[PDB]
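Work out the full structure: start from the sequences and follow the hints.
There are 4 protein chains.
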Amino acid sequence: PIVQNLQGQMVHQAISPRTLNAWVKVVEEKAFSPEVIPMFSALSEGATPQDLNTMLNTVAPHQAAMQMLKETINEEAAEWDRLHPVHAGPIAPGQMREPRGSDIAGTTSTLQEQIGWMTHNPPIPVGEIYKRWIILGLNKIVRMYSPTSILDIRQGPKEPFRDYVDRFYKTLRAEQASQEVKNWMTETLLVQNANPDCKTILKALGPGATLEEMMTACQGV
Amino acid sequence: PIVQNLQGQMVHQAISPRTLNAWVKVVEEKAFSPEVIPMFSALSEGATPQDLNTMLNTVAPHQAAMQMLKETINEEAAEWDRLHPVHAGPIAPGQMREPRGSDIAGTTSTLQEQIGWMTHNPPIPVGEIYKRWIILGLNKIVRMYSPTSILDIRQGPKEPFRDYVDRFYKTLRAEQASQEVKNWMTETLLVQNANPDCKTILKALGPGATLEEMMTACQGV
Amino acid sequence: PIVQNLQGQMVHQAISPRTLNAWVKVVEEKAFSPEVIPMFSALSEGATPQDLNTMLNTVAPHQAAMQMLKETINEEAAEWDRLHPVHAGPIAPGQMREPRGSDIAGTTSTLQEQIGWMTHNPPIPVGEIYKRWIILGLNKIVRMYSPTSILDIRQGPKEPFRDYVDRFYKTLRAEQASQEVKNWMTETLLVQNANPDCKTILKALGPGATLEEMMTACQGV
Amino acid sequence: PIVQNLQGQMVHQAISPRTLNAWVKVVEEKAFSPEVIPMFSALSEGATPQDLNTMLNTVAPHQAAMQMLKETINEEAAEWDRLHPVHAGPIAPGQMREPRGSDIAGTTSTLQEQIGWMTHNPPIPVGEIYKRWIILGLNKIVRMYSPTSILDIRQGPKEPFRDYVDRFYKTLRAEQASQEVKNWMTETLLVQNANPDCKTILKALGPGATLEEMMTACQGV
Numbered sequence: 001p002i003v004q005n006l007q008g009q010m011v012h013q014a015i016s017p018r019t020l021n022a023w024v025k026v027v028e029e030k031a032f033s034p035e036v037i038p039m040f041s042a043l044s045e046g047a048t049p050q051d052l053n054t055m056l057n058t059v060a061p062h063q064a065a066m067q068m069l070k071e072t073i074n075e076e077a078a079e080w081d082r083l084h085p086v087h088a089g090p091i092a093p094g095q096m097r098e099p100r101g102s103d104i105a106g107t108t109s110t111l112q113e114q115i116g117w118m119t120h121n122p123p124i125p126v127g128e129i130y131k132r133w134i135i136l137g138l139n140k141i142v143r144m145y146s147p148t149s150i151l152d153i154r155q156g157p158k159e160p161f162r163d164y165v166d167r168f169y170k171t172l173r174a175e176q177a178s179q180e181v182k183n184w185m186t187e188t189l190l191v192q193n194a195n196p197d198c199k200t201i202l203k204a205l206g207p208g209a210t211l212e213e214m215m216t217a218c219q220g221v
Numbered sequence: 001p002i003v004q005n006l007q008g009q010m011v012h013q014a015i016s017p018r019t020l021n022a023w024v025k026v027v028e029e030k031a032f033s034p035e036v037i038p039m040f041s042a043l044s045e046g047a048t049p050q051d052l053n054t055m056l057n058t059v060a061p062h063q064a065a066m067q068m069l070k071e072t073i074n075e076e077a078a079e080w081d082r083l084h085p086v087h088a089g090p091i092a093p094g095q096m097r098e099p100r101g102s103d104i105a106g107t108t109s110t111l112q113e114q115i116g117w118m119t120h121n122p123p124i125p126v127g128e129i130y131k132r133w134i135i136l137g138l139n140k141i142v143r144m145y146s147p148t149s150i151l152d153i154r155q156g157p158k159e160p161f162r163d164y165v166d167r168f169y170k171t172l173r174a175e176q177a178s179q180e181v182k183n184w185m186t187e188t189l190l191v192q193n194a195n196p197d198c199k200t201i202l203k204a205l206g207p208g209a210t211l212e213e214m215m216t217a218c219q220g221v
Numbered sequence: 001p002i003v004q005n006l007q008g009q010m011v012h013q014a015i016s017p018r019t020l021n022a023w024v025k026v027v028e029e030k031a032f033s034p035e036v037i038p039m040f041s042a043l044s045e046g047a048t049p050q051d052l053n054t055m056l057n058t059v060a061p062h063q064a065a066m067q068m069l070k071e072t073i074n075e076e077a078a079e080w081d082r083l084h085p086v087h088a089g090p091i092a093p094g095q096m097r098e099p100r101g102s103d104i105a106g107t108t109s110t111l112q113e114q115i116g117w118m119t120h121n122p123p124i125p126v127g128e129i130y131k132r133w134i135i136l137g138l139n140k141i142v143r144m145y146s147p148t149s150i151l152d153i154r155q156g157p158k159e160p161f162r163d164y165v166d167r168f169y170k171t172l173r174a175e176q177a178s179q180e181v182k183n184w185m186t187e188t189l190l191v192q193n194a195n196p197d198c199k200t201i202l203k204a205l206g207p208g209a210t211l212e213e214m215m216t217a218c219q220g221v
Numbered sequence: 001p002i003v004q005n006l007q008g009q010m011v012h013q014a015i016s017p018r019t020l021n022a023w024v025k026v027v028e029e030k031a032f033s034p035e036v037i038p039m040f041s042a043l044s045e046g047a048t049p050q051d052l053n054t055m056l057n058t059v060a061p062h063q064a065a066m067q068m069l070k071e072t073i074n075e076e077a078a079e080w081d082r083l084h085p086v087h088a089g090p091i092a093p094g095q096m097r098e099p100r101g102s103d104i105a106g107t108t109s110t111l112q113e114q115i116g117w118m119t120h121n122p123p124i125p126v127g128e129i130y131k132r133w134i135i136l137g138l139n140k141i142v143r144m145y146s147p148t149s150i151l152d153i154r155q156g157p158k159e160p161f162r163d164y165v166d167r168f169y170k171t172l173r174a175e176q177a178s179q180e181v182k183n184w185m186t187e188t189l190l191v192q193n194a195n196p197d198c199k200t201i202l203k204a205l206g207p208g209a210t211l212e213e214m215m216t217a218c219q220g221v
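Residue numbers (my numbering), protein chains in the order written: chain A, 1 to 221; chain B, 1 to 221; chain C, 1 to 221; chain D, 1 to 221.
The set of hints was computed from the structure by calculation and includes no laboratory data. There could be a bad hint or two in this list.
One copy or two, either will do: identical chains are not told apart, so a pair holds if it fits within one copy or between any two.
[Stated by the list, open to error] Here are the simulated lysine-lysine pairs, DSS-like style, with alpha carbons at most 25 Å apart:
#1 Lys131 / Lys25
#2 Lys70 / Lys140
#3 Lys182 / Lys70
#4 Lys25 / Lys140
#5 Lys170 / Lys25
#6 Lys203 / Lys131
#7 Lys70 / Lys25
#8 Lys30 / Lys203
#9 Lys170 / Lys131
#10 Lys199 / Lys131
#11 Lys158 / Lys30
#12 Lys70 / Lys199
#13 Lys182 / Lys170
#14 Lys182 / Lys203
#15 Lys199 / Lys25
#16 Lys203 / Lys140
What follows is the structure in structure tokens.
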């Protein structure tokens with residue numbers, strides 16, 4: 001992250017060892033469950049590209065996930081270079097240069113360059129964009145590691161309705177289908193795969209019933 | 001680690017008690033699993049040789065692991081002395097002397113010497129090299145304590161494919177074979193030791209199929 | 001082969017009918033076992049490219065093996081042409097021209113050309129190189145026809161250790177893995193797949209035990 | 001071998017392809033049984049060191065046997081060099097030089113040198129000595145590959161006595177014990193391990209009975 005010294009200047013501060021260890025525990029203990037993404041977003045709050053690469057070093061022992069992340073990052077960097085062509089000409093002495101795709105990811109840039117780029121009026125967030133690319137890669141990884149399809153999430157004969165709903169929505173978040181497909185799933189498949197008693201109640205409830213009404217009507221069933 | 005005082009001078013800061021306690025919990029509770037190495041790397045982030053020896057004091061009650069670490073450290077120090085002979089002659093007043101193998105490990109050096117050595121332009125990282133030697137020793141220890149061979153990692157009849165892949169790759173990381181041998185293992189043994197249904201599907205998939213394609217084709221099997 | 005006439009001149013001699021019949025028996029009766037390669041090497045001893053094509057005519061009824069051989073030969077001829085470019089310019093009257101890839105295989109050359117090329121001071125062996133290409137093709141064929149993986153070679157409960165070792169090494173020769181992979185196989189998999197009594201003895205024997213020591217310790221078990 | 005041309009000069013003749021194929025069949029089909037040694041002696045009759053190395057090329061795919069052969073050959077060559085020191089001084093123009101250990105094995109010598117060395121009055125057999133070294137190596141290999149100890153050769157309850165004697169003596173030839181130990185074995189162990197009826201008859205026959213008398217007395221038992 002970025003901190004201010006006693007002289008009022010923006011200075012980079014390294015990630016604390018226990019934050020890095022929390023990230024390591026998340027990587028090594030949760031098997032790339034969907035909750036890894038909110039935890040990564042929280043643990044990398046206000047980070048620099050060098051800090052993000054330090055956090056990514058934890059993923060390196062997982063070859064498939066790391067390769068997927070690297071492919072996503074390279075594609076995003078190529079797209080960034082395509083959409084931000086290197087202008088040929090003079091540059092104002094008071095204005096800093098434009099970083100490239102290899103520079104936002106911190107492959108060739110330095111710490112001071114990123115500190116200056118992030119701290120500006122108006123600021124151009126380089127850490128946030130790299131973080132978003134990491135999140136795209138992580139979403140792909142979570143999709144790859146998902147053990148069950150949404151079509152295989154069925155309510156147990158004695159399973160409470162709220163637990164079935166939680167499992168269903170967790171699997172839906174893992175799968176990351178299209179928005180229209182997701183809406184169709186939440187509207188139709190959730191009712192379709194319920195157990196007979198809750199299914200009868202939900203059918204009696206009618207189409208267009210909100211999730212709150214369904215959980216109310218199926219609370220003790 | 002190294003911190004800056006109000007006067008702008010680099011000053012050593014001791015490891016916080018809770019970071020040391022986290023390291024103690026890792027040592028005493030995980031039985032030298034492969035995840036001990038990323039956790040040690042995170043918890044010793046930006047540390048000095050004195051801090052590294054403080055962290056190593058936790059390993060001392062484990063006689064075999066500590067002896068293996070000491071052997072690896074002594075061998076690395078001897079190699080460092082061989083590759084960095086003590087030059088006989090004058091030394092510039094503004095340039096500090098060259099530490100020996102017993103000095104990078106902090107056996108004979110002092111805190112100020114290591115602080116000066118690490119904080120330089122350009123810097124010579126003494127903490128990182130000692131840390132790498134520790135990691136070599138820890139890798140040897142993890143290999144020693146591994147309970148199962150990779151040849152004994154077989155998918156259960158009802159075990160999901162992703163869990164089998166995770167166990168297989170964790171054992172592979174523990175064993176630390178040669179790169180060519182590791183590639184052969186990931187290409188052949190993973191398919192060989194799968195359960196009959198996934199094995200049939202993977203055989204139909206053909207050689208050279210990526211891990212993502214295999215996990216996709218075996219998701220619900 | 002090449003023989004000398006009464007005048008001291010090198011003359012080509014055709015392969016005897018019974019040598020050709022021995023080669024035919026090898027091709028038609030052994031199902032491309034690994035021993036086909038030493039037998040082909042012995043039976044084609046000191047042969048000319050025309051003789052080698054005569055021997056290859058026996059393989060033609062086997063479409064897959066013959067196609068694999070032709071692909072290997074064409075690739076080797078293309079590589080030979082690439083590494084031996086046709087020089088444009090004068091040629092010494094006493095020095096013969098350089099054969100092409102289609103010429104070493106005897107597709108376009110004549111018998112006298114090959115006789116002169118092989119009989120020279122210093123000699124340039126054209127028959128040996130074509131033979132080596134044939135051996136590469138035959139190795140590929142033997143790999144294709146191998147019925148069992150090395151991972152499936154397991155010592156029987158009452159099988160003598162020497163027979164298990166012979167089967168293991170025959171399969172290893174058939175598979176033709178990389179040298180490092182082969183060393184790992186002979187060091188680890190042979191012990192891993194032995195029966196419980198021999199496995200206990202070999203484990204007690206320790207790593208780095210020679211094959212002779214293992215066969216001595218497991219002789220009557 | 002060595003043949004004479006029309007001018008009366010000794011000329012080397014290569015081994016015929018079918019003799020080499022017979023040797024290949026012996027190597028690849030008999031699993032280093034004791035009969036491999038008489039067959040090698042017959043098939044290498046009157047051979048040159050180059051011919052012997054050509055025959056040894058068949059053994060190369062068998063790593064353990066080939067390594068044992070190479071160790072025996074190197075030891076014999078070192079002993080030959082020790083017992084035949086290189087004399088420093090003039091050499092007669094009509095007398096050829098003394099080959100070294102690397103020269104009798106054909107590693108550095110040429111065909112003409114060996115032809116001249118073998119064809120002399122009086123002749124110094126270089127092929128025979130190399131052949132004897134090969135036979136020592138092969139005897140070691142046959143000992144290594146022997147599946148049963150002599151102590152485990154026991155006559156079956158209905159096995160004819162002549163077959164038991166043949167198996168016993170074949171195992172004894174494989175084991176190659178000391179002469180006194182071999183005499184003790186043939187005198188005591190053969191009677192000891194016979195079946196009860198033949199054992200009773202042989203005990204009644206008394207010590208010092210010849211093998212012919214034993215086979216006569218046990219013919220139909």
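Structure-based check of all given hints:
no., hint, in the structure
1, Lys131 / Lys25, "both (19 Å within a copy, 20 Å between copies)"
2, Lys70 / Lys140, "within (12 Å within a copy, 29 Å between copies)"
3, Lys182 / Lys70, "between (28 Å within a copy, 21 Å between copies)"
4, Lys25 / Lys140, "both (20 Å within a copy, 22 Å between copies)"
5, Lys170 / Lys25, "both (21 Å within a copy, 15 Å between copies)"
6, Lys203 / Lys131, "neither (43 Å within a copy, 35 Å between copies)"
7, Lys70 / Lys25, "within (21 Å within a copy, 27 Å between copies)"
8, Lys30 / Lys203, "neither (37 Å within a copy, 27 Å between copies)"
9, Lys170 / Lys131, "within (22 Å within a copy, 27 Å between copies)"
10, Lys199 / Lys131, "neither (42 Å within a copy, 38 Å between copies)"
11, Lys158 / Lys30, "between (27 Å within a copy, 21 Å between copies)"
12, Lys70 / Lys199, "neither (45 Å within a copy, 29 Å between copies)"
13, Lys182 / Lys170, "both (12 Å within a copy, 24 Å between copies)"
14, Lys182 / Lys203, "both (20 Å within a copy, 23 Å between copies)"
15, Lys199 / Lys25, "neither (40 Å within a copy, 32 Å between copies)"
16, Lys203 / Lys140, "between (35 Å within a copy, 20 Å between copies)"
Hint check: violations occur at hints 6, 8, 10, 12, 15; the rest are consistent with the structure.
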